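Student: Listed below, chain by chain, are the residues.
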Amino acid sequence: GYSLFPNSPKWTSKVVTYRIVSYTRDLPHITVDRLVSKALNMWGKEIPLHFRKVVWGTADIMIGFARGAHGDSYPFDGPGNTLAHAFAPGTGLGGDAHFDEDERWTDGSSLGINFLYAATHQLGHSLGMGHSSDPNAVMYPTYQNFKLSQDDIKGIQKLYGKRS
Amino acid sequence: XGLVX
Ligand SMILES: [Ca+2]
Ligand SMILES: [Ca+2]
Ligand SMILES: [Zn+2]
Ligand SMILES: [Zn+2]
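Residue numbers (the working numbering), protein chains in the order written: chain A, 265 to 428; chain B, 81 to 85.
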């Protein structure tokens, strides 16, 4: 079923900050903001961790869109091939989630990669989830009405405990 | 893609 990262890195503070740093031409900025919140809350409702949004500076989880090389060691590669990537909890690059601007992204009303699904998968990595062997899992390794699977819930609660 | 660092 689920996996974590080696040595089970996790956020150990009660509050973790996040920032939407850069946007996509494909959607209104407000829509990206609302879908990012919804994705974080899918995972957050299950566990004792709280997320605080910031609008400037460095936050724990930096989220954004980029083309090509963008300051980490893993440049994007134009249309196709890698779509997005995210880093396990930790200082610096840890927690950050990046999306390739050279794809097409949608809120569900157009052609594109469904941004809510993709953000829920990437932010699973930002919280410490690896990939699952269960085809039903959001954390399965390969890509409109979804929720987290039982396997996704079991793994995140294994890592953080359950929310009371 | 999940990356380590
Ligand atoms: Ca970070
Ligand atoms: Ca690409
Ligand atoms: Zn990156
Ligand atoms: Zn992944």
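Hint data in this document are derived by calculation from the structure and do not stem from the laboratory. Just to be clear, a hint being listed does not mean it is correct.
Computed Cβ-Cβ distance ranges for the label pairs, DEER-style [stated by the list, open to error]: (1) A/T406 x B/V84: 27 to 37 Å; (2) A/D341 x B/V84: 16 to 26 Å; (3) B/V84 x A/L375: 17 to 27 Å; (4) B/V84 x A/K422: 30 to 40 Å; (5) A/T322 x B/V84: 12 to 22 Å; (6) A/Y404 x B/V84: 14 to 24 Å; (7) A/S373 x B/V84: 14 to 24 Å; (8) A/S374 x B/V84: 11 to 21 Å.
Here are some chain A residues pointing at chain B (derived, C-beta under 7 Å) [to be verified]: (9) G265; (10) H349; (11) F351; (12) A352; (13) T355.
Just so it is clear, CB atoms sit at the ideal spot from N, CA and C, and this is done for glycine as well.
Student: For every hint, state whether the structure bears it out.
Tutor: Consistency of the hints with the structure:
Range check, A/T406 to B/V84: Cβ separation about 21 Å, and the 27 to 37 Å hint is violated. Separated by about 20 Å at the C-beta atoms, A/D341 and B/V84 satisfy the suggested range of 16 to 26 Å. Range check, B/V84 to A/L375: about 34 Å between beta-carbon atoms, so the 17 to 27 Å window is missed. In this structure, B/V84 and A/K422 break the distance hint of 30 to 40 Å, their C-beta atoms being roughly 19 Å apart.
Take A/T322 and B/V84: their Cβ atoms lie about 20 Å apart, and the range 12 to 22 Å holds. A hinted range of 14 to 24 Å holds for the C-beta pair A/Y404 and B/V84, which are about 20 Å apart. Distance hint check: the CB atoms of A/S373 and B/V84 are about 36 Å apart, inconsistent with the given range 14 to 24 Å. Between A/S374 and B/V84 the beta carbon distance is about 34 Å. The supplied range of 11 to 21 Å is therefore violated.
Using the Cβ-Cβ criterion of 7 Å, the hint placing A/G265 at the interface with chain B is not satisfied: the shortest such distance is roughly 16 Å. For the restraint placing A/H349 at the interface with chain B, the shortest Cβ-Cβ distance is roughly 4 Å, inside the 7 Å limit, so the hint holds. The beta carbon of A/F351 comes within 5 Å of a beta carbon in chain B, closer than 7 Å, and the hint placing it at the interface holds. Below 7 Å, beta-carbon pairs count as interface contacts, and A/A352 has one with chain B at about 6 Å; its hint therefore holds.
The criterion of a C-beta within 7 Å of any C-beta in chain B is not met by A/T355, whose closest approach is roughly 10 Å, and the hint is violated.
Checked against the numbered hints above, the structure breaks hints 1, 3, 4, 7, 8, 9 and 13 and satisfies the rest.
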